[PDB]
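Just one chain is shown here, as structure tokens, and it is the form deposited in one PDB entry.
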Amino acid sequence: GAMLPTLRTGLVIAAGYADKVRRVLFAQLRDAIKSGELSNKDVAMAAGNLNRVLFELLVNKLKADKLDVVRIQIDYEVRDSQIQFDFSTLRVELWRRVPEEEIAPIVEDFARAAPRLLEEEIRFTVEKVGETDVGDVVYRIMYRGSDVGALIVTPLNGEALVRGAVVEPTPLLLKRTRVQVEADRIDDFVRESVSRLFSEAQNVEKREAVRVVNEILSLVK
């Protein structure tokens, strides 16, 4: 009734799936082999059997190219000195390669505009989402009309505290910042200043940005 361990290859070029499967299976069963529950031979045969099935599935049925990408997982049971895969748990993902002829032109041309983009300031817009229990105001942040983050403003007297994050086009964290407000409406000040505020935000992991966006949005909902 307990969950079974799972053989997972992660992403691998299709030409390499067989040795990925074998190496992962050996790594997972290293202790079973040292303990004498299983022999090397047992594990090699189990991996070889699974590769034999995958070959028919990936190469003959799905027609995967050797330069495509696959990810495979399957659960297995080791008991009574025998390994059995549970094929009802087999999952296969496939990604098909975009021909270089199609990509390279685009990349080449784009690389010419790149040195500009590296430095050029990101322009964002905002729309009000609501207020918190404590009277903070929450805004959604957008990049080219699409939602990418959130901002939270705490009104003071002719100033305010601002904090927020965006996930795109690069993940940024705007740490608590105190700013003088020169506009009757906080709304007006947020509209004209959001891009300037983020021009000094810090670069972080996407995961961190996502957490902060979600925390802020949760305070209004």
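Residue numbers count along the first chain shown, from 1. Rigid core: the largest C-alpha set superposing within 1.5 Å between the two forms. Compared with the form deposited in another entry:
Measuring CA movement between these two forms with the rigid core aligned, the set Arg185, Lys41, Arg176, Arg52 has one residue at 2 Å or more: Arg185. With the core superposed, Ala27 shows a C-alpha displacement below 2 Å between these two forms. Once the rigid core is overlaid between these two forms, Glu159 counts among the residues whose Cα shifts by 2 Å or more.
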Given for the second form:
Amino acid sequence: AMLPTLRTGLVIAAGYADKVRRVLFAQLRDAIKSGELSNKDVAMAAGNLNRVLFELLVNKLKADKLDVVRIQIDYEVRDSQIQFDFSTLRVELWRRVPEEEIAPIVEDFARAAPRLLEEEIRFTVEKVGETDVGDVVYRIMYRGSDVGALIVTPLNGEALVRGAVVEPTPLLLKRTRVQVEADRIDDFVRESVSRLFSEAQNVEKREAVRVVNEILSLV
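Return the structure block for the form deposited in another entry; the form deposited in one PDB entry was the one displayed.
Here we give the lone chain, stripped of any partners or molecules.
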């Protein structure tokens, strides 16, 4: 039987304690109201966990209070008692990069940002293969790295284009008809890929990711 898991999510090390206490109270809200637990039992349980985590985070790992941690642990509630399974204790740590190292870089970049904000991104492609019914699949790239996929369906004298990229920003190229005879497909894609995505939809990452995988799966 699977056990409930106490998860903090991403939190600044200085505030993990109040995060652990509030999450645990939220999960055991029904248990308290049902009468299986008291508010004292839960607060005491969280306090003991926080007591343990303090030694781990501050002493063993030397985490600064401005660092970021993510903590999770399974726990069991049986017969009016809360018990943690410390074999399930998992702790993630992120160490802070000093402002003196980031602020000047961001400030420098901020001056060049309004130019970059309007520029069209410019992509490159490479043919991946063809389907049984004659669709052509391309890999779409940004700066030599793979960032998306594209599929072209030649039809009665014309072609249909669909695709999506994940980086530098999630874009979805909706089903688009272009003036191309099947003879002109491979040439057209290389000439028009950057231009097609200038009118693409700005979507969420997972939406773009799914389409990329859908298109690449057909090969």
